[PDB]
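There are 6 protein chains.
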Amino acid sequence: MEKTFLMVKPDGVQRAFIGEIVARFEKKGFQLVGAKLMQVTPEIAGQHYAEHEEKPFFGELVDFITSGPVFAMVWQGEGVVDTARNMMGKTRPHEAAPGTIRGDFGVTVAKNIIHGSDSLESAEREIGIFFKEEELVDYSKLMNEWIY
Amino acid sequence: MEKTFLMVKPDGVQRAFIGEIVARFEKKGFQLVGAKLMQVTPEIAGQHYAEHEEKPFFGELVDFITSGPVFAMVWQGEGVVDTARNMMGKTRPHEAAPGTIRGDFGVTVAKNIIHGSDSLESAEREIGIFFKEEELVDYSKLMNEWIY
Amino acid sequence: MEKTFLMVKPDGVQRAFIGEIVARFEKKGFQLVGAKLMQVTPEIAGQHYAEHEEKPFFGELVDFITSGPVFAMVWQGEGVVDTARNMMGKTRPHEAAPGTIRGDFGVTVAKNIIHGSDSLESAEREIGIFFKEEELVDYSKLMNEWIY
Amino acid sequence: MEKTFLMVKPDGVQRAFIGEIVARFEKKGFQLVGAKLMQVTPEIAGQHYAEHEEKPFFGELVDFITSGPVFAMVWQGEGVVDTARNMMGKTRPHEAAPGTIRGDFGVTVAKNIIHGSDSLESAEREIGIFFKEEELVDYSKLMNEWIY
Amino acid sequence: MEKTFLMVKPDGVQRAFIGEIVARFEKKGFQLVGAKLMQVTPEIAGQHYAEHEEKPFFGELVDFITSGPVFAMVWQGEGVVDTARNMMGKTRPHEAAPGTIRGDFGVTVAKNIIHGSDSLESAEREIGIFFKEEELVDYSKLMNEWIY
Amino acid sequence: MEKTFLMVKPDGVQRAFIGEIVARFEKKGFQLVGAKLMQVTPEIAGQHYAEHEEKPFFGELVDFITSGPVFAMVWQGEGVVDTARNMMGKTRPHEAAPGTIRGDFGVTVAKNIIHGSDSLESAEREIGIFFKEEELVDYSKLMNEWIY
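Protein chains in written order, with the entry's author numbering: chain A, 1 to 148; chain B, 1 to 148; chain C, 1 to 148; chain D, 1 to 148; chain E, 1 to 148; chain F, 1 to 148.
This is chain A alone, in the form it adopts within the complex:
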């Protein structure tokens, strides 16, 4: 099944939104398969910093090294990459709809709470950067019987 990478940015950590964000994905019916609180390091940020022109997230990673920890997650489910983008709302919170995460919680594009992968291709790459294979848990969620 499809997997996406989602990360609460240091501002979401500081403003105490981790629980609220996780709850939204849990109530939606998606399955949590990896989660850790962690510090972004130069080693992580350097891996892909050369690609920051085409992918600005790899630029933001550099800023996170000195700003506070992030909460990194891998979620699994049908159409999760695009659906999670929908649930986050537009990147600029001024443009994000009420009911979305950025819409409800964010003010500026600088401090916009959350990142999620923009495509399947970037999801595979971002998961590989933040998680070792053995940190991803494979289990069956019983309630999937009423979700699918």
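Misleading hints may appear alongside valid ones.
Where chains are identical, the list cannot tell them apart; a pair therefore holds if satisfied intra-copy or between any two copies.
[Claimed, not checked] Cut-off 25 Å, straight-line C-alpha distance, at most; resulting in silico cross-link-like pairs (BS3-like, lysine-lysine):
{"hint": "1", "residue 1": "55", "residue 2": "27"}
{"hint": "2", "residue 1": "55", "residue 2": "141"}
{"hint": "3", "residue 1": "90", "residue 2": "27"}
{"hint": "4", "residue 1": "141", "residue 2": "36"}
{"hint": "5", "residue 1": "132", "residue 2": "36"}
{"hint": "6", "residue 1": "132", "residue 2": "90"}
{"hint": "7", "residue 1": "36", "residue 2": "3"}
{"hint": "8", "residue 1": "141", "residue 2": "27"}
The set of hints was computed from the structure by calculation and includes no laboratory data.
Please arrange chains B, C, D, E and F on chain A, whose structure you already have, making use of the hints.
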């Protein structure tokens, strides 16, 4: 005043969303005039199964006979048929907006939480199928003085 | 498994708390097996009005005939009779703890939101008064695998 | 920084939504700089009643004199005027999206819960009508360090 | 009817709890009759600073002059003084029960979110210090018909 | 500052309560310093299984090897060990107060949602079993300025 038929599907029952769904319609200001937990039977499902080509709900009813109870409701208020459709969101939860019931709680079209009437004409028919006249309560809701 | 009778009084109906109350019992893990919105009639209230001295609920029933509908429910689970009393809080809302239903939502003993059976013996009697056997649904709740 | 005027109408007061509305603006990250519960008087309503043809709010003010108190607020933040309009939803609650204040809580345009300024120009005027300079508090909100 | 004084301390302001706190008193069924965001001044704090030995709140007032605004409220209802104390929880949040305001939101006695009057006598005095008679609104709350 | 170990048991995972539980500790004002979703292995469970007579948690660990992942957390703050016990409620959910985690969400002692350390001494030991030193993040939470 206008009335619509709303039904929590067996998946909404199983996933424990009845209270959350009722609360949304209560906070909106609509008035609850009929409600029962019930099993869909062959007698109910056969009434209109011949019309399943033009109305797919009458097809789904057949599946509910063996899958678990539903929570059937009649709500009353100004423009309630169309507004309740708005609040449920698109039939396919991938297309439903965050903030709507399907948007917040559903993943697949198969298990999409809730049905509501698509028109006044189908509301009258669906109410008549699920409720006897004497199961609908006529009462005045005092707070209507500040809703209308 | 054990069953209790719970009823949202006309004041809980009017103040739009049905959804919130159902949600609390759903999140707790109890199983909903009967539910209807209904009007209390003289026939229902007369059945046991002679016993109102020893059981004051049968007195209150008389008042409900002219005051508005009630939302009657049957919940099932381990120790549900006593646990539901715990969750409702003390009968007098001034004495009820915050976190309980009466504690969070009620002010006076006259308008104290909710009734639930005080014992197994009164649960069996109250269920029999409000529900016919065929209005109680027997089904398996999949999530019980993680509740018990 | 930018400021807007927001007012819970007498219907939002009566239906007990003041806390819920304030919480939405607090979670968004905006800063509360003025707030009072107050009665609209003839003196307030007459100030601009001549302009009611071009601005219908000044018409509604007249109706509020005899209908109940309002809860008047001044919020501050980047793009707060337009963002607060977004969060309130369309003026007609039938047209308002779920997730917005009118979308979630209102039924009719007559009783549509909340007013907010439609532009910076009307924000400056409305703030001046409802608040004296000394009722507006100037303070620093520490969490702004993670909002901006 | 009985009235109490409640005040969100500068820490509750800063941590963005005003809405959540108001909502709890609104859902309980109490009636809001005065509310303002305000700065504590030397003139207010000096009025009763001589009594700080017997009443430590008059000591805390002095600290608030330089620390940030407070949100001052007057609530009305049956038994509101003692009930509001119940809802706030023990003064020391370590001793406060979950479900109470201090229990859910506070860590230390220094930053314990909220003050409310300890008796009717102190309620009358504190209301007189923070509110002029004309800032208290007298109105009828329709829903009181289902609360009392 | 003081640290405790908290773990959402496989039942809390399966019933989709991770977000709700994290949110309660975040709103309280505690600081999250370690978090991971993980599978309990024989190597982890064997470390202290010999001590299961005096500490029954080390017995439960064995059961978790084959039952599903757990969500392990380290929280930091003043008096966090005892306060977190308070917030969880009694071990037997029938005895737990409404407003506590077990009180609101659990039915049986077998499936009682959450574990937390019973003392400082057991907190130090349990943290060492589940987390390497480098998985614990040391950072400053700005809002601590208004919590302490």
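Which hint numbers does the structure go against, in order from smallest to largest?
1, 2 and 6
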